[PDB]
Amino acid sequence: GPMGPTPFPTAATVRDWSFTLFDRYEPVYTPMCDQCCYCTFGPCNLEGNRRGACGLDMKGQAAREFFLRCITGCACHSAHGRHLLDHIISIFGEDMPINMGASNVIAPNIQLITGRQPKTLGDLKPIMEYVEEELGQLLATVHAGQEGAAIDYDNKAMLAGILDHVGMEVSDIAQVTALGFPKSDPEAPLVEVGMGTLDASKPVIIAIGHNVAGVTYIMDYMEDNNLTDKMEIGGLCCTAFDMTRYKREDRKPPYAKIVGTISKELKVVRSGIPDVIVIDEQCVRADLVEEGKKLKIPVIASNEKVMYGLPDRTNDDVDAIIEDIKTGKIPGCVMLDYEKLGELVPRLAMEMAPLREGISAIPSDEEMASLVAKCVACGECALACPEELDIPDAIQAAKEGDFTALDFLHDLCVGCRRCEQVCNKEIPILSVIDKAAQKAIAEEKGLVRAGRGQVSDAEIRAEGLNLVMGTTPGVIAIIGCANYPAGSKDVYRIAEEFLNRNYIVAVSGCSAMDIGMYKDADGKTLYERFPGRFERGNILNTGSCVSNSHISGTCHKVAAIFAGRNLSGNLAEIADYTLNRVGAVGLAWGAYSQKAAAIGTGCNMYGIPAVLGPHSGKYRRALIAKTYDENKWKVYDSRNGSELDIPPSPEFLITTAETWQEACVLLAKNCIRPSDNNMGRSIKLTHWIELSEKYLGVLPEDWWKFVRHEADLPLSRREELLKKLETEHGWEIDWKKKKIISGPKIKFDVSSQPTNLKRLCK
Amino acid sequence: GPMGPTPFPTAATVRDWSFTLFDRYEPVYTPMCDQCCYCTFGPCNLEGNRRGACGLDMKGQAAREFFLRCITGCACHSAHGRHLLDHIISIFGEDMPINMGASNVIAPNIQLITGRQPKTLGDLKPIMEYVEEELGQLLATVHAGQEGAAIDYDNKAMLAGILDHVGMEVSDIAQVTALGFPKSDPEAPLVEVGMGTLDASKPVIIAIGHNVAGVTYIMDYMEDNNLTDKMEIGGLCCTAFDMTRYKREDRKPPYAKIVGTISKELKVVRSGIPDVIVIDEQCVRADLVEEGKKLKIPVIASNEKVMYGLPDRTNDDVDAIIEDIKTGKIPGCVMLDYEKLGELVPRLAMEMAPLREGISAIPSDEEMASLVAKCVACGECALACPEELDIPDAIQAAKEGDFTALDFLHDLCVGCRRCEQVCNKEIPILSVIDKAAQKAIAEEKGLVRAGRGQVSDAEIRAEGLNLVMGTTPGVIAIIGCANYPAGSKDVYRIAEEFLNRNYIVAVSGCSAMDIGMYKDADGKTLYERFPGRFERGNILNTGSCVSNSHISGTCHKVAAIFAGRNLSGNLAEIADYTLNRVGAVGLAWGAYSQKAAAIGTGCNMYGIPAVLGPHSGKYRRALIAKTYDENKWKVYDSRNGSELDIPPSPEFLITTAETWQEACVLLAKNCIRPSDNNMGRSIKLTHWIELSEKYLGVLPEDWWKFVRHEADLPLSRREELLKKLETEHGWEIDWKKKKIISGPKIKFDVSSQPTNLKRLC
Amino acid sequence: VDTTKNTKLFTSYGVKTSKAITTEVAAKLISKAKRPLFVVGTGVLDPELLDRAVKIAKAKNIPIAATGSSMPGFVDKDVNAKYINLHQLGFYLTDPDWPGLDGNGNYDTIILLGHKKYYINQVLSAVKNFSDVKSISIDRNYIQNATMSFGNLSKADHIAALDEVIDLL
Amino acid sequence: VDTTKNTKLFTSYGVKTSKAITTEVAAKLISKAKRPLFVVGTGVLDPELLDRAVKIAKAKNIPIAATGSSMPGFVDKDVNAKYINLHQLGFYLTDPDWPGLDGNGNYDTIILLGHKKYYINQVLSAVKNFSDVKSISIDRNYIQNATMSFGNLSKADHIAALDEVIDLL
Ligand code: SF4
Ligand code: SF4
Ligand code: SF4
Ligand code: SF4
Ligand code: SF4
Ligand code: SF4
Ligand code: SF4
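From first to last, the protein sequence lines stand for chains E, W, C and D.
Following full-length UniProt numbering, the numbering of the first sequence begins with 40 at its first residue and continues without gaps.
Following full-length UniProt numbering, the numbering of the second sequence begins with 40 at its first residue and continues without gaps.
Following full-length UniProt numbering, the numbering of the third sequence begins with 2 at its first residue and continues without gaps.
Following full-length UniProt numbering, the numbering of the fourth sequence begins with 2 at its first residue and continues without gaps.
Simulated from the structure, these hints should not be mistaken for lab results.
Idealized CB from N, CA, C, for every residue including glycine.
Please note: incorrect hints may appear among the correct ones.
To list a few chain E residues with every Cβ distance to chain C over 10 Å, as calculated [what the hints assert, rightly or not]:
# : residue
1 : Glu86
2 : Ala188
3 : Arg386
4 : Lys484
5 : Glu729
6 : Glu767
Below are the DSSO-like pairs computed for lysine-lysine, each with C-alpha atoms no more than 27 Å apart in a straight line [said to hold, decoys possible]:
#  : chain 1 : residue 1 : chain 2 : residue 2
7  : E       : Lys368    : E       : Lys379
8  : W       : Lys164    : E       : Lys158
9  : W       : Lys464    : C       : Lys135
10 : E       : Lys762    : C       : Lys83
11 : C       : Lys56     : C       : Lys33
12 : E       : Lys368    : W       : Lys665
13 : D       : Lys6      : W       : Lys464
14 : D       : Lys83     : W       : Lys733
15 : D       : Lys17     : W       : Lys413
16 : C       : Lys78     : C       : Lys35
17 : W       : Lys776    : W       : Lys762
18 : D       : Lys156    : C       : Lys9
19 : C       : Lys20     : C       : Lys56
20 : C       : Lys6      : D       : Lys17
Go ahead and model the full structure; you've got the sequences and the hints to work with.
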């Protein structure tokens, strides 16, 4: 029916909104290099904001690099979605209706961007097509001499981010509708997570990747032959969530297990636990064969994206492949036929379990003593460590029978092996750390909730009242990868702190795995302490990486439920509404991948601020606003069209934080919105002040910038803060009524409607 | 009809063919950078083939970088094709029959790859769709942890290259069947090209880029308003060739002019000649706004890919935009409305011509005497020069009154002003060089034949015998950009030398317009001297590099029209035929862009070896064969299925050469195929030995490997070569009746058929 | 105690590199700063590092930007310290019009102590490429993107160097 | 003449840079080499560089590999110069099973002269990162990818350094 101005958008159509965002949130470029390696006219030295042979300055180069990362992430999501959709339509038919959950808008991102309302599975076919076409255009911008300004690369990156969100939504909708995933279930079944959950007394299959097509066939073969009680299947990365959501809408406990994030990927292979490894698409270490052939661990590729230089045995007989892998020259094969793979992997694991027994890279106690005695403290390993761990100090401590420093370093290490390749003594430091933390690994057991899907249109209404009556301080979306600066406990600490204050915490991806890994002193995890509903003090795990499209979609639904705004082709309107009214902040503590960059950029284009880990400064682009400049904090009143002041929150669209206390303070502060009433503003100020005092020893210096009314102040210390306002700031206050009569620079008016667009003013 | 075994190929469908190719031609990785910087786990130092935090080694990283370049070029060509097809369909509909000339295989690359034979302009719509899909499935591989083998990356890069030749094919097909281009015309009109071919007392419109979509509107506005004589329209890069070919099926000479390649861009801006500049999509300098604003040159962007951060004034009135630009309130504008742009550009040029008279960046003699004396010879400019020119020496010579050093430097300089940013004396070195070379810039005139399009069926049928048998010594496809190492005359010299030797020379892109800039004593270019039919001794121009596919398509026609092979879905068999029996070689002496890399990779998948300039060594991957291994030169027989030995030619699929003499020797040597008869091998050996003795100064050290019979040698030197074979290699040759009793390694057989596929024997 | 010895890196940001200075040069540069800003990180919470940082800041009355969660260390102390994000500080330092923490104007030279390499290097890239604010690194890691920096040092060597710099301020 | 004073570069491949060496060090390395190869490019057609290269080759009977168009400069010079493509030579030097130009085997160290900086650097990247062949660049430029290299010099200083090397061999 009614359509907005931007259906099927391009770089020109979303230029106005992106430019409006960049006028307030200026881009900050932190180049990862002083040179350009792109074309034979180079490499060009752009240091000091100089120009290349093509006239491109270093700011433009950084913008182009970030744009390339965003489009690579978008391409990954869209290609995974396209392959999943094609397989699903081939197997289940093109007329299958979309069954996502109890909702009014089943595809909020698709409706928001394209303007269409898909009903069946085939309705998703054109949308994917559009995305891929646009991808080509965007990819054409990576060519040399294809853009001169950095702002035009930032706008194209924003377009790439929103297209990425569309692709993730398409993929998740297809997979959930087809493979019987949980449909917005607040009581999703719990699944074990950790390296100490795989019983080494049974054959072990380990699936690494992000797809689920072949994993479903493997599980079907296991179930049909009743091998589920004697063979253990584990998942690394998002395929663990995808396999633990398979047919789990009935809440039956799943036999599949979750091993961990990318960090564990090599470590498990080092332990000899896996008996067969299958690799699907992405987040797969490019040296699994190198460290697996040493332990006689077969590695099987299953997708054309990743063939790992292996022989292609697709058109063959399973028995011959089994015999060659068992006693032969090939450490694996590429098996692109899904039925053949689902039949081959279980039999191969069964026949390899009794033959690879007693093989692991963990050194003996005497072997580890000799290894720790071999070091000379040359400092190369600490120089090559991505996390800058103090390896030589730990080795020096362990030289005298003190194996606890390596035990501490085990959690901080990411298992990247970069320290081993610079050691002239050939000391396997990763295996040394694993040997020192063997007992801790054996103790690693946790529980996580399976992917519920999207948030239903009933929980949003149930939580809107709590958000407007000042009982829900905001929404925190803990997502991203697992390249943490100081171990996997930081996400757990942040989630626990925000759940203790009755926030709405939504988790997905590797962060959910690394949060559900720390049991409490009572032997409980956060998912068991707090239910999986969309309500205050509750934590819900949406699912795999492609489930993040739901979280952003949730924001869109808030615009489409309480305000009644049209979603079809209304990117600018809904983005403005989310930026001005909805209090939701994303947190990507360990993001490394280009997919994380695409997700963060797409969230920024929807108006959702994000705080990332200290490593994310390597992404070369952030979006920060100048607090001091008062002329960049003005909007229009959608009733008068006049200029209206707003508090300086959110003060960034994407930023980085070093420690988790700083992240907690930033997340608490950035939940504030200009349109907040007295109760919401009061509760947000309360929590922000409390967190600042607890984690910084001081209370914020800009708190007074968020006090429009005497009801804006916290309840506990109202008089203590009013006295400070009168004394430190000189405001005029009445003491009998405890009322601020003068001093605020913005009079409270709940009916005011902030807008960044002049085209929607009376 | 009868369809081959690879319908709509993917990574796995062409994996076997790529592996077969790389079994003979190993990939040589020459990485440009010792670190990987893709994800935040890095920067990962990969020096010494060490693996990164994700397990990728340095060879894998180099392969990934080359694959990224290839897919970038392929996506650029495919996006150009998609935009052109959409815009053309929005005017002429979607049921317009395709007419590329007189032939039956209208789309060779499309039929070879997708097995489809489109006949209407809308029938190309699905093809692009397929390509777009594959593009995504390749770009996802750039993500960290999506592939861990350099060989698989190379296979995917070759697939991207072929999907880049398909995109170029569709682009050229649409733009030729719609806009009225020459239709395989062997008598295309001559076109004035050069710096001095443009006037200066008239308004000037300079079109930079690759999209002839707004240039068409400008040209119609100028022709229907009788402005073809009152102003000048010049073009740079391939948009010049496309603009010239526009509406030129009537063979009348065009009024549009060609200024030069990309290396001339800033130069033109610094000359003050242009009165307006319109930038479309590709090969556009990123600092035109700054220099144009310094020289008060309006800049208009008419595309979504290139916007420059200029205001979007598509919905604004033309008069208001013209007034704002004239009064200097904005440095330029963005206009996506072609109808508005075609009226705005000429009017803006006409109004701005009498407003910037006497405005230029060329220094006066006294200023070029002061700036030259300002230098203190610190050597930073020579360090920062991509072409490694002795700028301080030239400036020192200028301090003595001799300005010939800078005049000689002018041709070698690609005009990138990279020097001017490192000079602490703030000397406009490019401007100084242009001032010292003004006397030659004034003479920069020449003629180039416009793009013919494709090759007609009659020419292919006539030349198939001479090509497969070898009567024509070979085909040289001079393609690529203008990032030359030692000036733009090397390509002209190579083309002239090979045209004098009865070779077929096909040109396209910037090299086509750079060859015709040099004249002989009579003052005529190579295009005027030699005709433009697909015959020995003639030189033909295909135009823009989107027409480059035609050259590759030409080879496919030879494999299909003559031998009767089936094109549909038969990439492996056709590529095998071209590698085994067709004598063709490509030359990219100045390749710099990702499009050139994609084109080269696609050509290498088709079995066409390529020689590139030294700068192409920064492309991070070549394909070279081991000449000292006899196990890499074994094939099978199509009649018996038994092993067969072949001469080690070509010794590479892509490589680089330091100088143009070495390039000539390589092109001469790599045109020899195992299937040539005695006459073809004799002619090829004659040319190779003559070129080697003329340029390298010594007779080749492996010519005796390419001899199987007594008729395989040149007749004028047959006795001398018999003596040379007898005294050194100790062969048995009968002196009474000239015949080789014994000594060779491969025995002659006219009916022998070499194949690299065991499934075809 | 010689700091300009181990100028060793794992990866390089380009050709331009930091200067490895001695204790005397660092003391002279700190004492000659027109308007210094002691940018400190969460890694200064080590008691020796915290004491040395407080002594350095109070010796020359240098205002402190306690980036990260380093504010609780300075609450009990006397040095004028304010909290600010390191990324936000890097964005602000590239603006000549920034009033600063005191509102008296933008700063000239920033002293860095107690930071992670991959973070401070990323911020210093923008700071050193899009501004003219000088950076002096007195950390035990060799920072490439700083204008001047110490070399790779042991913890005892770093403590000794900081003590010598204190005695030479 | 001092050859280890100017090592300025425009760009850098990475942390591992070439060692700056003197004339005496280069002479000692060339004398100690067991099976050296003299890889000359088309830039040894200079009237002076050709004489220096011929003297160097005749001093130690080093076989010459001429790349590009330098072969005519050795047609009648009484040396052992043979033609080979530089890219092909760089690929073959990474294969230990190469018979070599002479026919005995591969080589241990190669001396570079008369090359273009970018081309020789790109060709040497593969040799440095994928083989164990040492590189001695005696050219006028500072090649980073070489094992040992002369620093940046003027033409007169380049000639003086080459003459000093010859007189010390
Ligand atoms: S960004 Fe990476 S690849 Fe590009 S020049 Fe810098 S180090 Fe090299
Ligand atoms: S793209 Fe531009 S900056 Fe990069 S290498 Fe090429 S000319 Fe230099
Ligand atoms: S690299 Fe090896 S020898 Fe050097 S400090 Fe580390 S563990 Fe010890
Ligand atoms: S494997 Fe662990 S300890 Fe070694 S460099 Fe990588 S993160 Fe550091
Ligand atoms: S992609 Fe791999 S090699 Fe490159 S920076 Fe990331 S972890 Fe390191
Ligand atoms: S950079 Fe400038 S001062 Fe230095 S040598 Fe070149 S022209 Fe002379
Ligand atoms: S403008 Fe010319 S002389 Fe200057 S650096 Fe570029 S190519 Fe060299």
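Hints and how they fare:
With a least beta-carbon separation of about 5 Å from chain C, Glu86 (chain E) fails to lie farther than 10 Å from that chain, contradicting its non-interface assignment. With a minimum CB-CB distance of about 16 Å to chain C, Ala188 (chain E) clears the 10 Å threshold, and the non-interface call stands. The beta carbon of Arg386 (chain E) sits about 45 Å from the closest Cβ of chain C, which is more than 10 Å, so the claim that it is off the interface holds. Every Cβ of chain C is farther than 10 Å from the Cβ of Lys484 (chain E); the closest lies at roughly 31 Å, confirming the non-interface assignment.
Consistency note on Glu729 (chain E): stated as away from chain C, and its beta-carbon is indeed over 10 Å from all of that chain's, at 15 Å minimum. The Cβ of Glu767 (chain E) lies farther than 10 Å from every Cβ of chain C, with a closest approach of about 15 Å, so its non-interface assignment holds. Restraint check for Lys368 (chain E) and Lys379 (chain E): satisfied, since their Cα atoms lie roughly 21 Å apart, inside the 27 Å limit. A threshold of 27 Å between alpha carbons decides the hint, and for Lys164 (chain W) with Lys158 (chain E) the separation of about 26 Å falls inside it, so the pair holds.
At most 27 Å may separate the alpha-carbon atoms for a hinted pair to count; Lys464 (chain W) and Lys135 (chain C) meet this at roughly 24 Å. The suggested pairing of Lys762 (chain E) with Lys83 (chain C) holds, with an alpha-carbon distance near 23 Å, which does not exceed 27 Å. As the CA atoms of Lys56 (chain C) and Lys33 (chain C) are separated by approximately 17 Å, the hinted pair is consistent with the 27 Å bound. About 26 Å separates the Cα atoms of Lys368 (chain E) and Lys665 (chain W), which keeps this hinted pair within 27 Å; it holds.
Between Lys6 (chain D) and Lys464 (chain W), the direct Cα distance comes to roughly 23 Å. Compliance with the 27 Å bound is thereby established for this hinted pair. Of the supplied pair hints, the one linking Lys83 (chain D) and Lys733 (chain W) holds, its CA atoms being roughly 16 Å apart against a limit of 27 Å. A hinted pair counts as satisfied when its Cα atoms are at most 27 Å apart, and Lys17 (chain D) with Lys413 (chain W) does not qualify at roughly 37 Å. This hinted pair checks out: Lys78 (chain C) and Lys35 (chain C) have alpha carbons roughly 24 Å apart, not beyond 27 Å.
For the suggested pair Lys776 (chain W) and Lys762 (chain W), the alpha carbons sit about 14 Å apart, so the restraint of at most 27 Å is met. The hinted pair formed by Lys156 (chain D) and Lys9 (chain C) fails the criterion: a straight-line CA distance of about 33 Å is larger than 27 Å. A C-alpha spacing of about 25 Å is found between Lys20 (chain C) and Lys56 (chain C), which places the hinted pair at or below 27 Å, so the restraint holds. Pair hint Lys6 (chain C) plus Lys17 (chain D) holds up; C-alpha atoms about 17 Å apart against a cutoff of 27 Å.
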